[PDB]
Amino acid sequence: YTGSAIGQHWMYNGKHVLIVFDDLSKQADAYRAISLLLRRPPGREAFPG
Amino acid sequence: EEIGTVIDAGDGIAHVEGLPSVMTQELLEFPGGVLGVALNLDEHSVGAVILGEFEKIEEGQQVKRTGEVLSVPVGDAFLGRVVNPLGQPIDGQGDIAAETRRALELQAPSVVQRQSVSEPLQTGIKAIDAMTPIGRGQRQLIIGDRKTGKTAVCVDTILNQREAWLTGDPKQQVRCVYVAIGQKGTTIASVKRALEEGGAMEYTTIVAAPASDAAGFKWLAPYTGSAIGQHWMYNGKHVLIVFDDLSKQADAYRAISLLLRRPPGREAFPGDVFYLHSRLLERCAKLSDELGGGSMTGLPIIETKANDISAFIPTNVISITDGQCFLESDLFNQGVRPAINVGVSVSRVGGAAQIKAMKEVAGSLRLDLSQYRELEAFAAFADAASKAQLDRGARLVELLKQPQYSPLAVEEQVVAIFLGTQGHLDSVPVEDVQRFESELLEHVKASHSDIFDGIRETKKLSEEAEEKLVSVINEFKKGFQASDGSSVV
Amino acid sequence: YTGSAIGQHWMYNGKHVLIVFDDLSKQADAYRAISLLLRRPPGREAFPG
Amino acid sequence: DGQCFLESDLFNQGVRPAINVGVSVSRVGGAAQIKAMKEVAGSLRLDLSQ
Amino acid sequence: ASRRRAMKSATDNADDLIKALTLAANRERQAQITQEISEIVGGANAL
Amino acid sequence: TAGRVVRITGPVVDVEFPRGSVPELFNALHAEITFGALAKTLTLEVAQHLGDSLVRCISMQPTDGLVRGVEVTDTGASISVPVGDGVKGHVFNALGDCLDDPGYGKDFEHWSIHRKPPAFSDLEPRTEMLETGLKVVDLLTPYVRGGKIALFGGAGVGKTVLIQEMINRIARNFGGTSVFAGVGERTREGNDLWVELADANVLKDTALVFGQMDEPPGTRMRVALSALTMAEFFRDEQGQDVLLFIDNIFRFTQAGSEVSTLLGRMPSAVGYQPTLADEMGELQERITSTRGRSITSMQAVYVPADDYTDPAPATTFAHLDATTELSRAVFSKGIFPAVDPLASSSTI
Amino acid sequence: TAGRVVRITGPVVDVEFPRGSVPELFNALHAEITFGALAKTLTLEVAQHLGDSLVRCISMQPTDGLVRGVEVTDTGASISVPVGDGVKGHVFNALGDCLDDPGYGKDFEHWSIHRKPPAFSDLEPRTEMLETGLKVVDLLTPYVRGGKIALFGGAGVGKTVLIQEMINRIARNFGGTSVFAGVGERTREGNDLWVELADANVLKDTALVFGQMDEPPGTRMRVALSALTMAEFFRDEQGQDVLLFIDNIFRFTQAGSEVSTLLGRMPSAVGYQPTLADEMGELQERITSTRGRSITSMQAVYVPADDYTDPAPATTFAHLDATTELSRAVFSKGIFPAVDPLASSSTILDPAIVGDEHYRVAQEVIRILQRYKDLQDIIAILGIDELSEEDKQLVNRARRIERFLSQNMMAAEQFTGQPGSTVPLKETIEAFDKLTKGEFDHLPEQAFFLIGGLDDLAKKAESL
Ligand SMILES: Nc1ncnc2c1ncn2[C@@H]1O[C@H](COP(=O)(O)OP(=O)(O)OP(=O)(O)O)[C@@H](O)[C@H]1O
Ligand SMILES: Nc1ncnc2c1ncn2[C@@H]1O[C@H](COP(=O)(O)OP(=O)(O)O)[C@@H](O)[C@H]1O
Ligand SMILES: [Mg+2]
Ligand SMILES: [Mg+2]
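Chains as they are written, first to last, in PDB author numbering: chain A, 251 to 299; chain B, 29 to 410, 414 to 520; chain C, 251 to 299; chain D, 350 to 399; chain E, 257 to 303; chain F, 8 to 355; chain G, 8 to 471.
It cannot be assumed that every hint is accurate.
DSSO-like mimics (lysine-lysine), calculated; alpha carbons at most 30 Å apart, straight line [what the hints assert, rightly or not]: (1) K265/C to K387/D; (2) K387/B to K418/B; (3) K123/F to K220/B; (4) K384/B to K265/B; (5) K212/B to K333/B; (6) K275/E to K123/G; (7) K399/G to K380/G; (8) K155/F to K220/B; (9) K387/B to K466/G; (10) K211/F to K175/B; (11) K123/G to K276/C; (12) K333/B to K418/B; (13) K199/B to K387/B; (14) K113/F to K123/F; (15) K490/B to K265/B; (16) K387/B to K166/G; (17) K384/B to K490/B; (18) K387/B to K340/G; (19) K333/B to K275/E; (20) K340/G to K418/B; (21) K340/G to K264/E; (22) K466/G to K275/E; (23) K175/B to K142/F; (24) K466/G to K399/G; (25) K155/F to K142/F; (26) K142/F to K211/F; (27) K333/B to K155/F; (28) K113/F to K47/F.
Just so you know, the hints here were simulated from the structure itself, not pulled from any lab data.
Can you make the complete structure from the sequences, with help from the hints?
This is the structure:
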């Protein structure tokens with residue numbers, strides 16, 4: 251989120267930006283953990299709603 | 029005066045407070061004209077599942093009781109009518125006046141009240157009567173996959189009873205009941221039109237449950253489908269009932285159980301499915317002479333995915349039922365319209381009720397068919416005797432092909448069976464067989480029609496009649512010509 | 251456990267012992283059943299912690 | 350500290366002990382055995398596995 | 257010629273075996289998915 | 008006469024109402040966010056009664072910036088969409104707002120989207136073969152009036168050409184119209200399609216509705232419902248045949264399952280909602296043929312990893328009537344109208 | 008003195024009692040249904056305690072039409088079964104009253120149905136060679152006189168025909184009293200058995216108890232106990248040989264699972280209940296023969312969905328001493344007995360008891376079958392050409408042995424209309440020795456198919 255927020259300021263000024271995300275699976279795992287820690291109905295593979 | 033109120037209004041489940049004096053499975057009235065059934069009680073509330081449409085009901089509504097157990101109206105005016113599972117006329121054809129009521133949950137007759145089956149039930153499909161004999165009061169199973177042509181078999185079996193109905197003898201008259209669960213309305217309209225075409229619509233009652241309705245109707249369809257036949261049982265008549273598909277109502281029951289917060293078993297199926305399927309398939313019985321007699325022959329249909337016979341529901345149904353018939357889609361794609369696999373299809377109870385002439389006109393065709401199958405399997409990569420055997424097997428296999436509808440009676444069925452089994456049509460090319468097998472019959476209907484009279488009366492073939500028909504066909508094959516066919520001479 | 255206790259008692263006096271167990275799966279299943287009858291959360295593949 | 354594996358296939362095959370040398374080991378090894386057995390036997394398990 | 261015929265027969269024998277194995281694998285995967293989802297939902301709502 | 012917000016967890020929202028004023032199911036409500044720079048209005052629909060004047064509802068747009076204890080009003084009627092003869096040649100969203108020109112269509116006539124399929128008596132026990140000028144499809148896989156036709160295998164072989172071909176053919180030969188609905192749409196693809204259609208001079212006699220891929224669940228069903236509402240309004244009052252283009256039938260079911268999981272009901276085999284069959288049956292039986300008019304339809308499907316035994320394709324195939332396959336070799340051979348005759352079959 | 012019904016959720020009912028009158032953990036209670044259409048009198052069995060003078064119970068009749076607040080009364084003792092000499096020759100249900108004459112048997116002496124198993128001291132192993140005129144059973148898995156035998160099957164695999172065959176083979180020459188039980192079957196076979204034993208002149212000796220699949224699950228857990236009480240009485244006092252037939256224990260397990268789920272208890276695995284093994288052992292430990300008393304039992308079990316790994320058949324498998332298994336593949340092959348040699352075993356198969364003649368022949372046969380099963384995959388993928396000469400001949404004689412192992416049935420006259428046969432053991436031993444040595448190489452395979460004795464095989468050899 252903060253990476254895209256940084257990029258968007260330049261992208262709204264007629265300038266070209268390239269953004270790379272090193273990984274996204276760990277992001278999903280972190281979200282799943284933070285959801286499971288509180289009350290969230292789990293779907294497939296205990297993933298949140 | 030015993031009035032209650034809804035406390036919570038779930039999606040498919042409602043909870044009612046008050047109303048102390050209420051029976052189990054009693055019918056409840058709602059202000060919108062919809063009805064519910066209560067299945068779970070408590071010192072504080074009563075649960076219920078809503079039938080039909082439920083978007084009308086909501087919290088704070090008034091509820092009144094009807095003071096009657098789950099029951100369906102029943103009478104003799106239902107003949108030639110179309111109705112929903114509850115019992116209201118779905119069509120605008122008019123209103124119905126019943127004669128009495130029937131409870132849905134009634135125990136089956138015990139072992140002492142039963143009786144052996146000895147009366148054959150004819151069907152127009154000649155490919156199964158000679159292959160797998162059926163008798164009334166005996167259950168049979170039709171299992172297959174999508175787009176194999178089984179509703180056609182059902183409607184042909186329904187249509188075949190025209191002569192029996194026109195005979196007028198109450199011991200011979202057979203009623204029919206048809207149900208449809210989760211089907212498209214176009215198919216229902218088409219089958220109703222087809223039945224109307226054959227003039228058999230008057231002695232048939234159809235219960236319709238479309239695919240766009242709630243789960244309650246899909247759950248309740250078979251009970252009200254069989255209740256009418258159960259009522260006609262104890263008056264001495266004979267009843268036939270067809271279940272369009274049992275898988276859909278099983279899925280509906282799974283859905284309602286999951287909505288009711290019940291722990292699941294295999295693939296979310298609860299362990300109660302066997303109980304209900306056993307109830308449905310055990311309601312049928314062959315009564316004894318003391319009660320008066322009758323029959324509840326049922327023909328449920330089950331669909332499978334990729335020929336999965338080792339699944340859960342198919343194995344349960346196979347265990348419950350008596351026999352089964354298998355339809356192979358690979359054979360269906362080859363143009364063989366009556367595609368029934370003789371390999372696994374079999375009946376145990378059948379054979380005693382079969383006509384003796386029918387039993388002796390077909391000389392063990394099963395071994396011939398299996399021999400032809402193994403012979404072609406061997407000859408796939410590759414003997415005069417084997418050549419003759421495979422030619423005879425090909426002729427016999429091609430003989431069983433039948434067009435849509437046209438349910439044949441017993442006389443022409445046994446005549447064709449004699450023609451094939453004896454060894455005729457050996458010189459006749461296969462391509463011209465079909466029409467031949469028709470035209471000769473028509474001539475027999477015109478000249479020497481007395482032959483059918485002997486079969487109607489004594490139900491056996493005599494020497495004089497058989498030699499007369501042999502001479503007749505010997506004097507007919509020279510009168511028929513084909514592009515590549517000539518008389519054997 | 252009783253066989254283990256007897257073996258220990260014969261151990262501490264300087265003798266030598268040999269103990270044979272019929273089966274451990276049956277007692278594991280018995281433990282699972284008794285734990286599950288008590289209101290305790292189930293574990294992985296129904297086997298409690 | 351050691352495992353012995355018996356498979357029904359070998360028992361059916363005709364080997365009465367019905368034990369496979371592939372996945373049967375012993376932590377202690379030659380230390381337990383008497384010395385004469387140690388020199389006589391050698392590394393027969395590895396030869397059998399090979 | 258015999259080698260040609262035999263090899264063709266071998267290919268026509270292998271293909272349907274592949275199909276059957278694929279069907280078995282698919283049904284096994286579905287059964288596994290159902291098993292773990294049932295186990296996790298039961299453990300979750302057992303509280 | 009006005010409610011309040013009790014719980015704001017996730018997209019779902021719980022609302023409290025005074026006695027005797029609780030709205031029924033499938034009813035619309037409005038709540039406005041006025042805090043911060045990100046100010047907007049949200050629409051909610053009643054999803055379930057919890058008792059004691061509590062109602063659980065699902066939001067339509069993200070619930071960020073909402074505050075507890077805010078005031079909420081109820082429309083009193085279900086979701087409404089404007090219809091008419093002037094709605095074509097304009098892009099619309101699920102809620103009926105006109106993206107091309109805000110404020111458009113405010114003076115039109117509005118209809119609801121929750122509608123009942125026709126009665127049993129009105130069904131016609133007949134099968135009429137729909138004919139067109141294409142000799143490619145007539146000889147092998149004839150079409151059926153009022154039926155469903157399956158189409159899959161786009162792969163950039165020119166299926167947009169087929170879509171515009173159908174549009175112009177129904178415009179000329181039969182004097183019909185066309186409605187296009189997108190369930191999960193990439194913005195660039197939708198913009199490119201709009202530009203191409205504008206260049207082709209066929210925006211007139213064609214209505215368009217889009218549902219963006221990046222959207223809270225709830226729109227992915229209502230887009231199809233609104234498209235069907237417009238299609239049936241065209242069929243009935245105008246008495247002229249229409250053709251409906253619906254793509255992306257697959258993740259419609261995924262959106263439904265997502266909503267079901269969010270509500271908290273127990274899942275079913277292979278992680279699906281326990282009421283998928285009823286919803287798909289309602290959607291399929293929405294279209295039919297009556298009074299001599301009909302609605303044909305073409306749908307795009309995506310199999311879950313070639314497992315035809317999966318519940319979603321198995322449920323879907325219970326209603327299709329014909330299958331069309333797009334091949335990537337016939338057009339490489341030079342045959343511009345690309346089909347796979349061997350892989351395509353029809354029940355007619 | 009009298010209780011109140013507090014909640015009815017189906018077969019299970021919860022009832023409250025005044026202080027000091029709570030009943031025991033096993034007991035019987037009565038209640039009535041006053042509706043006109045379905046007036047009945049129903050019996051409740053107490054199941055468990057809940058505190059606050061409240062007890063949860065099950066029912067033996069459908070609960071339709073029952074209303075809250077009705078009155079219930081306590082009998083004070085567990086349910087009873089009319090037991091005694093002369094009850095043979097009649098059919099009964101779980102409760103005990105005769106089907107034909109309602110008043111019959113009311114005056115007899117009554118026992119209980121809950122009884123502890125016998126003490127460990129009286130237990131005594133026994134090994135006797137029971138003989139039946141079948142090739143597969145005699146050669147592979149011989150039976151025992153005082154043991155328990157089981158028949159594992161799938162769906163539509165022909166197990167019922169095997170039960171008819173066994174009753175025809177054994178019940179004819181037996182001098183003792185037999186007893187048959189039915190758990191969750193269909194009444195067609197009940198009527199068939201009744202009429203078939205009517206003219207066999209044996210019905211006078213045997214008593215029947217019937218519990219079918221149309222009844223609620225509560226009644227599907229008690230008929231086994233009733234039959235066991237009958238057998239216990241006939242064994243303990245009269246000192247006669249006792250034979251017991253039991254079908255579909257799996258139905259009893261399913262009923263237990265359903266009632267457990269209704270009671271409310273966390274499921275164990277694959278949708279089952281805790282303590283299934285405890286109930287299974289509690290039932291199965293009462294069918295035992297002491298050193299001075301004898302009893303034999305044959306049971307049938309159904310494998311769900313052809314899964315041999317399921318807990319329900321797995322738990323029961325280690326309580327037998329001679330098991331036989333049926334497979335779908337052999338059924339499709341056309342072998343009607345359809346018994347798989349490689350998944351059936353007997354405890355008494357050893358040189359000490361059977362002798363040195365049988366052992367080597369059996370070992371050679373099983374080795375040949377195992378080798379054929381190992382090579383079948385390469386056989387399927389390519390063919391028989393790739394193998395060596397010795398493996399080719401091994402495969403040939405393995406096919407010959409497999410085809411020969413089928414035998415013409417005795418109760419198939421309804422279907423085949425070809426009279427069956429019975430074979431003495433020595434003829435089978437000599438024939439199988441000759442087959443293993445391979446003296447029938449030139450004979451065609453088709454001859455080795457439902458032939459019985461080797462003399463009939465020789466006769467059929469020239470028939471081709
Ligand atoms: N004996 C027959 N002669 C000619 N055509 C036949 C015959 N049997 C079936 N067909 C054709 O095959 C198709 C059968 O469709 P049908 O509705 O019976 O399918 P099904 O296998 O019962 O499945 P479903 O219930 O899904 O429709 C039709 O196109 C019908 O014309
Ligand atoms: N030896 C045999 N001869 C002829 N038919 C047989 C034989 N064994 C089995 N069958 C066939 O198998 C069927 C037996 O079904 P069965 O497995 O007893 O059903 P269930 O498992 O429900 O008891 C019968 O219909 C019969 O036709
Ligand atoms: Mg059909
Ligand atoms: Mg059987």
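- Holds or violated: are the alpha carbons of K384/B and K265/B at most 30 Å from each other? 25 Å, holds
- Decide if the proposed pair is consistent with the structure: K399/G and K380/G, CA atoms, cutoff 30 Å inclusive. 13 Å, holds
- Between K265/C and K387/D, does the CA-CA distance stay at or below 30 Å? Satisfied, since the Cα-Cα distance of roughly 27 Å is no more than 30 Å.
- Take a quick look at whether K142/F and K211/F sit within 30 Å of each other, Cα to Cα. Within the cut-off at roughly 27 Å; holds.
- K340/G and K418/B: Cα distance at most 30 Å? The given pair, whose Cα atoms are some 25 Å apart, holds under the 30 Å limit.
- Query: Do the alpha carbons of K466/G and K275/E lie within 30 Å of each other, as the hint requires?
  - Reply: 45 Å, violated
- Would you check the hint for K155/F and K142/F, treating anything up to 30 Å between C-alpha atoms as holding? 19 Å, holds
- Query: Regarding the pair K123/F and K220/B, is the alpha-carbon distance no greater than 30 Å?
  - Reply: Since the Cα atoms of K123/F and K220/B sit roughly 23 Å apart, the hinted pair holds (cutoff 30 Å).
- Message: Against the 30 Å threshold, does the CA-CA distance of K387/B and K166/G hold or violate the hint?
- Response: Status holds; Cα separation ~27 Å.
- Query: CA of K387/B to CA of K340/G, is that 30 Å or under?
  - Reply: 27 Å, holds
- Message: Does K418/B sit within 30 Å of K333/B, going by the straight-line distance between their CA atoms?
- Response: 37 Å, violated
- Pairwise hint evaluation, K175/B against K211/F, where the allowed Cα distance is 30 Å at most: 41 Å, violated
In terms of the numbered hints stated before, the structure departs from hints 6, 10, 12 and 22, listed from lowest to highest.
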